[PDB]
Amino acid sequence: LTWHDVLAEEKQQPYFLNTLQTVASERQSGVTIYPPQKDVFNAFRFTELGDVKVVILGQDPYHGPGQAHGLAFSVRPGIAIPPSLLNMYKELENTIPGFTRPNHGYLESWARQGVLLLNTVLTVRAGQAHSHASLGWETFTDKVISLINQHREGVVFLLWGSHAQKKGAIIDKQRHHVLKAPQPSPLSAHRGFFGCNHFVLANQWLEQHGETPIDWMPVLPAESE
């Protein structure tokens, strides 16, 4: 089973097609929408259903130029590491042996290892956080989480913030492994995100089950000749 097998019907629902046509409208209305259209579903491109090991939810895509590219918390090479990802890195530096501060914020190499970096809302108007939160994306990502719960076994869910935790309440905590903490943004990171140790705990779960742990040091695409 692939995403398109299990999502094909959802993607023909009127709410879903209407979300897309509203985004397409907004893109030509005089405001800029992030991320670009070709990138909205990149979490699914980079992490197939059968390849999901760890799910990390974000909420809103970053809303500044060059930031969002379809993966929760990640930014394009060359862009400064946003505060939420810096705080994730701080927790990583404090817990994973050998980890040091990366010089970039790009997390493709996490996704290609099975880390599903799923925002619950998949578009945003430039500079206007949460501006697409009532468009239909939350219904869609509700279904996505429900389908992972149903169709996979032994996935690690890192649920950061009340919003993500609410969304993951339906997950079977016997069949899957659910870990909770506050969000890594500056408002709450020092109130429980630091010290959550989620990255080490996720890897110990995977190892428990004969899966390769995640190499959390993210890697920049290489140059070629």
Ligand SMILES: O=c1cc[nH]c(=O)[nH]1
Contents of the next structure:
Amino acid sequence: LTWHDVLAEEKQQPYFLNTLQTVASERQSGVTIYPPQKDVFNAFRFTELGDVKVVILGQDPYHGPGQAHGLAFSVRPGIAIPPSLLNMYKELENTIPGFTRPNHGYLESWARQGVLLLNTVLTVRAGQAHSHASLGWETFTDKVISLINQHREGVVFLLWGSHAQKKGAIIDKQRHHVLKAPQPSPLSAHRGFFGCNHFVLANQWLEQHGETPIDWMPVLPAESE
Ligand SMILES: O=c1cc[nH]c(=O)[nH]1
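Having seen the form deposited without this ligand, could you now give me the structure of the form deposited with this ligand bound?
The complete assembly is shown below, putting the previous chain first.
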């Protein structure tokens, strides 16, 4: 069972197709949209439905050049680590044995391990946070989370902030493991994100069920000859 298996019908709904035409229109209208269209669904690309082990919801993609590449909280190599990801790294440094501050903010390696880095809104106009929040994306990501709840077993959900928490309220807390905390953004990180211990708790859960834990130290694609 793949994403395309469970979302094919959803992706033919007017609201959904319509969301994409509005983006494609905006891209040619004189404004820059992040991430590039080939990246918008990268969380799906890197983490197939059956490979989901951990779900980390973000809200809005980063809205600056070079930042957003289709994975919640991640930025491309060579880009400065944004404050929300820095705070994630801080919690990680304080809780995961051996963890040290990465020299990059690129989290593809998380995704390849089964961490679905899913923003609830998948596009944004450059420099304009939540600018596509009423496009239709939230309906789409509602359906995504619902499918995961239904079709998977024992996924760990890390729900950071009221929006993600609301979004994840439908999740079966008996079939899945839901962990709550404030967002890692600067405005709220020190209000409960620090000390939430979510990365360790995630791994303990996975280990309790015979799943291998996440290696949270993110790794840059290597150089070849
Ligand atoms: O993609 C991102 C970046 C920042 N904050 C989010 O919720 N998601």
